[PDB]
Amino acid sequence: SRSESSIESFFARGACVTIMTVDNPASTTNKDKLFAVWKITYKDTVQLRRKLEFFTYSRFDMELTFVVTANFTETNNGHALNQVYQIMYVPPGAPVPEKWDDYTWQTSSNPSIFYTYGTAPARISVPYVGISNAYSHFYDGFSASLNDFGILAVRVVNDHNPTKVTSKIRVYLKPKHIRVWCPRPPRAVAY
Amino acid sequence: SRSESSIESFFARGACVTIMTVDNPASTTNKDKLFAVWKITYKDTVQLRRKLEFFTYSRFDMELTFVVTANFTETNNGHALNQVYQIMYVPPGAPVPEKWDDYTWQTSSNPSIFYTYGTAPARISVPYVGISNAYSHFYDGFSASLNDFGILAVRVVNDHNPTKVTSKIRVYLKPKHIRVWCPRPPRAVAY
Amino acid sequence: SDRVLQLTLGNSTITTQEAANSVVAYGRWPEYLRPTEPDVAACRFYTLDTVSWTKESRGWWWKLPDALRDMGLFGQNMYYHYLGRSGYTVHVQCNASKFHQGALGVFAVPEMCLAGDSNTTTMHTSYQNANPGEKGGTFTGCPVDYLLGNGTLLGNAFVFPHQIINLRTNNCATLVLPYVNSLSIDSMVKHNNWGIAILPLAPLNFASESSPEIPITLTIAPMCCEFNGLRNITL
Amino acid sequence: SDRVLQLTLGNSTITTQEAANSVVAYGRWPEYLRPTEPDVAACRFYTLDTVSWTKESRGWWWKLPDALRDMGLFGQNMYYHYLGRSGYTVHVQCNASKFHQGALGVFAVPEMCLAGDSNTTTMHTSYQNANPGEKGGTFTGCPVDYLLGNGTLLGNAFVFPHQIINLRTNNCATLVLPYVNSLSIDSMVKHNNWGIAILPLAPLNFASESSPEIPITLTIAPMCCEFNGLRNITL
Amino acid sequence: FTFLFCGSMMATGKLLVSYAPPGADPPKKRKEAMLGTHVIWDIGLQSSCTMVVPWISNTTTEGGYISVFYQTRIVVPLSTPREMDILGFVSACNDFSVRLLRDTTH
Numbered sequence: 650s651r652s653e654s655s656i657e658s659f660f661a662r663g664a665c666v667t668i669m670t671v672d673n674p675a676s677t678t679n680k681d682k683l684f685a686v687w688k689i690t691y692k693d694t695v696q697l698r699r700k701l702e703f704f705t706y707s708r709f710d711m712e713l714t715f716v717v718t719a720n721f722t723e724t725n726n727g728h729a730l731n732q733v734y735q736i737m738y739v740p741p742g743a744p745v746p747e748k749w750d751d752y753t754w755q756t757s758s759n760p761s762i763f764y765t766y767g768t769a770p771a772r773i774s775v776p777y778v779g780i781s782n783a784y785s786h787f788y789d790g791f792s811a812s813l814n815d816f817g818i819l820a821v822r823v824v825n826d827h828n829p830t831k832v833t834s835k836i837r838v839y840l841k842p843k844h845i846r847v848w849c850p851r852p853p854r855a856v857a858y
Numbered sequence: 650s651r652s653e654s655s656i657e658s659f660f661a662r663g664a665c666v667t668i669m670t671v672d673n674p675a676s677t678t679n680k681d682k683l684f685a686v687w688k689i690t691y692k693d694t695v696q697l698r699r700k701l702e703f704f705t706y707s708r709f710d711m712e713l714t715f716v717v718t719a720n721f722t723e724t725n726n727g728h729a730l731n732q733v734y735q736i737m738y739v740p741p742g743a744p745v746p747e748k749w750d751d752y753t754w755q756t757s758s759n760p761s762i763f764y765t766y767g768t769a770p771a772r773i774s775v776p777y778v779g780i781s782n783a784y785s786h787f788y789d790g791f792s811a812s813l814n815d816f817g818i819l820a821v822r823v824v825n826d827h828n829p830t831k832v833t834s835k836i837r838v839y840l841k842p843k844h845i846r847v848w849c850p851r852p853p854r855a856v857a858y
Numbered sequence: 079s080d081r082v083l084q085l086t087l088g089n090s091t092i093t094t095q096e097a098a099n100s101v102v103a104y105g106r107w108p109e110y111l112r122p123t124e125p126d127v128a129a130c131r132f133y134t135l136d137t138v139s140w141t142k143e144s145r146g147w148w149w150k151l152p153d154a155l156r157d158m159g160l161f162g163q164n165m166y167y168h169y170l171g172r173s174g175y176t177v178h179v180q181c182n183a184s185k186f187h188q189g190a191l192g193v194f195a196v197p198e199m200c201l202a203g204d205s206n207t208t209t210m211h212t213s214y215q216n217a218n219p220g221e222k223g224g225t226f227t228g244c245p246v247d248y249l250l251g252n253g254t255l256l257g258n259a260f261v262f263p264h265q266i267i268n269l270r271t272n273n274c275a276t277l278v279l280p281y282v283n284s285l286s287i288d289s290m291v292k293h294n295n296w297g298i299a300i301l302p303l304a305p306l307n308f309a310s311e312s313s314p315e316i317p318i319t320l321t322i323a324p325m326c327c328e329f330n331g332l333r334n335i336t337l
Numbered sequence: 079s080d081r082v083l084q085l086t087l088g089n090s091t092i093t094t095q096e097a098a099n100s101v102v103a104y105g106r107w108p109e110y111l112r122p123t124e125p126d127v128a129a130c131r132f133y134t135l136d137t138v139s140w141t142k143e144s145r146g147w148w149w150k151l152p153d154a155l156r157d158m159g160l161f162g163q164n165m166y167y168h169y170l171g172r173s174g175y176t177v178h179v180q181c182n183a184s185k186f187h188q189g190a191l192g193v194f195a196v197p198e199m200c201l202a203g204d205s206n207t208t209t210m211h212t213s214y215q216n217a218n219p220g221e222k223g224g225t226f227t228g244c245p246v247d248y249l250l251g252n253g254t255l256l257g258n259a260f261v262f263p264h265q266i267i268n269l270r271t272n273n274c275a276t277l278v279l280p281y282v283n284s285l286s287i288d289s290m291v292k293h294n295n296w297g298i299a300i301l302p303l304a305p306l307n308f309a310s311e312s313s314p315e316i317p318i319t320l321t322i323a324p325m326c327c328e329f330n331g332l333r334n335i336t337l
Numbered sequence: 457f458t459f460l461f462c463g464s465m466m467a468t469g470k471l472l473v474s475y476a477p478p479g480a481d482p483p484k485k486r487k488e489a490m491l492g493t494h495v496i497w498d499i500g501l502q503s504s505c506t507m508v509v510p511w512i513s514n515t516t526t527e528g529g530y531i532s533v534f535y536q537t538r539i540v541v542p543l544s545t546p547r548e549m550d551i552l553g554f555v556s557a558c559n560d561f562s563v564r565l566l567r568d569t570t571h
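Protein chains in written order, with UniProt numbering: chain B, 650 to 792, 811 to 858; chain X, 650 to 792, 811 to 858; chain E, 79 to 112, 122 to 228, 244 to 337; chain G, 79 to 112, 122 to 228, 244 to 337; chain S, 457 to 516, 526 to 571.
Please keep in mind that the hints were generated in silico from the structure rather than gathered at the bench.
Where is the CB? At the ideal position from N, CA and C, for every residue including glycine.
Take the hints with a grain of salt, since some may be wrong.
[To be verified] FRET-style restraints, in silico, Cβ to Cβ:
#	chain 1	residue 1	chain 2	residue 2	range
1	B	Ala857	E	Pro305	27 to 37 Å
2	S	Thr458	B	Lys680	48 to 58 Å
3	S	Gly528	G	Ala217	43 to 53 Å
4	E	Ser205	G	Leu85	52 to 62 Å
5	B	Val856	X	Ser652	39 to 49 Å
6	G	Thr123	E	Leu303	38 to 48 Å
7	S	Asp550	B	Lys680	55 to 65 Å
8	S	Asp550	X	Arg851	42 to 52 Å
9	E	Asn216	B	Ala857	23 to 33 Å
10	B	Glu653	E	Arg156	38 to 48 Å
11	E	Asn216	B	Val856	16 to 26 Å
12	X	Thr756	S	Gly528	55 to 65 Å
13	B	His844	X	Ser652	15 to 25 Å
14	B	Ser650	S	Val508	50 to 60 Å
[What the hints assert, rightly or not] The calculated DSS-like cross-link candidates involving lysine-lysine, where the alpha carbons are at most 30 Å apart (straight line), are:
#	chain 1	residue 1	chain 2	residue 2
15	S	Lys485	E	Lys292
16	G	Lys222	S	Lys487
17	E	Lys292	S	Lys484
18	B	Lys841	B	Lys692
19	X	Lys680	B	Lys831
20	X	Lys841	B	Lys748
21	X	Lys682	X	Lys748
22	B	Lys831	X	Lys682
23	X	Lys831	B	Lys748
[Claimed, not checked] Far from chain S, by Cβ distances over 10 Å, these chain X residues were calculated:
#	residue
24	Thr705
25	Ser757
26	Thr768
27	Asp826
Same shape as in the complex, but just chain B:
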């Protein structure tokens, strides 16, 4: 009897990949400026990374869940109306945004999702968007530059509010329908 043990249940978990931070300041703070940009990789985390690394090749439908919690940074009795956050999924190779202003931010192509705080977390799925037939966790030679599933972009959709509201985008990934080729001994230590 061998079930839960199978591939489709070795990765059938919702593990965090990244934690991105945004804000809605009325003041001029260009550092953590409104926008948040992060390169879609598994590389940042630990848990999910080692798991995949048991193999050399893969194919997986890539789903993502975005729970978003906020708060008021300054010790003030100030207020804020419920907010919205546009989550821009960017497919590999496109123009990467900076200033939350730019044309790219209107996309007309890139799938984006607007979410209103204080509800059931954000959710989408990107099927096997491999430029090859598989996602090579390792690649020996010269073109490291992995595969690239794209980049995630989130900003505060609502305008500048007298009371600065800081938020966080906890990103989780369930690699549904995963397939793997030729295993390696796993990484002994830490990264």
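Given chain B's structure and the hints, the job is docking chains X, E, G and S onto it.
Same frame as chain B, now just chains X, E, G and S:
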């Protein structure tokens, strides 16, 4: 193998067309007065415009999505109860409103949608409302005055509040079931 | 084992051990991509630099097709074709007596990378150092031997298909590796498919004084090779 | 003549005149010796140095296979095989208008020797001077033009198979020459089978001022080539 | 690739269209291009030349090259303008398609 490449997926995108601004002032501000009026065209934007312009004739079911975010303009600790915004879709050739007061604003014909802030964005659809068999992106000669899909109208439904709440209507358009006749070389530069 | 037979791939002459157990990588045979197909011209035994297994040795390693870059016909197609794929019949023989004692470990690592926990940046090593040709490379006690040169505790190096040349048993290694990679065809020049490494499992010990060390041999034959687009015939 | 068709010997592209009369040497077709057979690799159109037919010209000449020594695949087999034989489809086109007047003479001399009544000693000329490659040689008014460069009154140069590129007729030359020699196979390096020479029968005269001269082109295809013994693959 | 010879009916010559697939560098001398896939195109026989390009792939870093060479040279009849032109027309093949939709507008 040619799919995503086909017409039904060349335009199967939700691209912004316009960003309209409203307010709920207790003070007398007749400029950005309560009402917002905008001529339904693709002409304002860039991205969506060039796309269509690849062809000379078209038919498309015209859907629209209205995400609405707000805020308090004045640096005050003042408050506001959740609001509602009547979105008036106006079919081409009707009386265009001014003062948010007028008879037209009661319509009895024009489809309008009331929305309560802080939920799933506003959504409707207008099928091929062409006075011809197709929407000519270009038309050579004399009657420029395009085709006219009508005008969008939004106001704050709730009465005057001591604390002035400014909102924005981000309008997106997915031209579902689109059909095109005789292509032109696309516009080289900018508009 | 006696009754050993030679196979002549037109030009090449073998005279194996006999047969005494062979290894197929994940029970798969090299078959054609479903192009320039040289067949017999570039599907014939080529012998790499015979290396010296010494008491002190840490091991050896080669990349595919890298090693066979300077190999006549196969190497031509390789250099004259942008797109290309192939298979390999690895044959590592090591002959000693009944007065020598040791165990050889031949592994087949698809994409055999080496060192640097600087995942941030891999390859790093220079193009020349990453591609040491027919002459081959050696592990060091940087290809850290007991970490497969790649930070991974060697005791598991048995994940990849392999045979153990145990002196007191078979004096040969026979590994068949069909084409592995995400791509259907590949830049042979730039990308290395397989990694044939040969490390000592048991050390080399010889009775009294004899052969102060012994020799290991790698002759490999390309299996069903093909290529795309004949580029400029640069001579 | 219109309706001209291209033939693609894998790599090569032709687009002939159309067809307008071809010549078979002694009504014989190149057939296999009844070996290394490259086929399509070395049986594909190669273009020699296009030369300039000028009022003043005396003629031009090439040796087979000599000219095609520096020709990719065919030249490899040629240099890598001690014993070897072949055939050739000589195609000499010369395009002008209805404002040019002249007559070109293309001859196929099996063993086209040049000069020296010193029968006592032939060859004499140096190995390099006897083998001028793709670039070709020219007659002089020493290859004495009206003596076929070989002491024999040119008026008879019509013994060998030939076509006359008469400007006002066909703007092409199509000569097929099966393998001729006493031997069944030969030292391609050392021995030249055929001699394609092209001399003016009528001079070049052009109306008023136009093309101060015109161009002649030699693209030839080896016909059923084979070789014996693959020597050292010297790269 | 399709070429239109924009010279006189009276004018002639042979040109050479070449394509060295990826990896190979531009073939600097006639011979180098000629050695590979080449098309000898006679002017004095037709104005229309078409040479199809085989297998290629994108990520918008190096591909192939297409080149034109004076196989022979231009034959001018009598007193005709010694400098005429040519027109090139590229078009996709049946097998040509696309994937992953992006943009650019300002």
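Structure-based check of each hint:
1. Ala857(B) with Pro305(E): 27 to 37 Å: holds, 31 Å
2. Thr458(S) with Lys680(B): 48 to 58 Å: holds, 55 Å
3. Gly528(S) with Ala217(G): 43 to 53 Å: Holds - the Cβ-Cβ distance for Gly528(S) and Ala217(G), about 44 Å, lies within 43 to 53 Å.
4. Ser205(E) with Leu85(G): 52 to 62 Å: holds, 57 Å
5. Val856(B) with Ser652(X): 39 to 49 Å: holds, 45 Å
6. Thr123(G) with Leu303(E): 38 to 48 Å: holds, 45 Å
7. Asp550(S) with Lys680(B): 55 to 65 Å: holds, 58 Å
8. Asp550(S) with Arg851(X): 42 to 52 Å: Roughly 26 Å apart at Cβ, these two residues miss the hinted range, so it is violated.
9. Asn216(E) with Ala857(B): 23 to 33 Å: holds, 27 Å
10. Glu653(B) with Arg156(E): 38 to 48 Å: holds, 47 Å
11. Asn216(E) with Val856(B): 16 to 26 Å: holds, 25 Å
12. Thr756(X) with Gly528(S): 55 to 65 Å: holds, 59 Å
13. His844(B) with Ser652(X): 15 to 25 Å: Roughly 20 Å apart at Cβ, these two residues keep to the hinted range, so it holds.
14. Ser650(B) with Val508(S): 50 to 60 Å: holds, 58 Å
15. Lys485(S) with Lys292(E): Given pair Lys485(S), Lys292(E) holds - Cα atoms ~27 Å apart, limit 30 Å.
16. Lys222(G) with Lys487(S): holds, 12 Å
17. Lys292(E) with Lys484(S): holds, 24 Å
18. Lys841(B) with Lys692(B): holds, 15 Å
19. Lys680(X) with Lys831(B): OK: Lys680(X) and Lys831(B) at ~28 Å, within 30 Å.
20. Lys841(X) with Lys748(B): Holds - the C-alpha atoms of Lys748(B) and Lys841(X) are around 26 Å apart, at most 30 Å.
21. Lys682(X) with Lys748(X): holds, 8 Å
22. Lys831(B) with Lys682(X): holds, 27 Å
23. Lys831(X) with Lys748(B): Holds. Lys831(X) to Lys748(B) sits at ~28 Å (cutoff 30 Å).
24. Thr705: holds, 20 Å
25. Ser757: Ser757(X) is indeed farther than 10 Å from all Cβ atoms of chain S, at 40 Å.
26. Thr768: Since the minimum Cβ distance to chain S is about 30 Å, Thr768(X) lies beyond 10 Å and the statement holds.
27. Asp826: At about 41 Å from chain S, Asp826(X) clears the 10 Å cut-off, so the statement holds.
The structure is inconsistent with hint 8 alone, although it conforms to all the rest.
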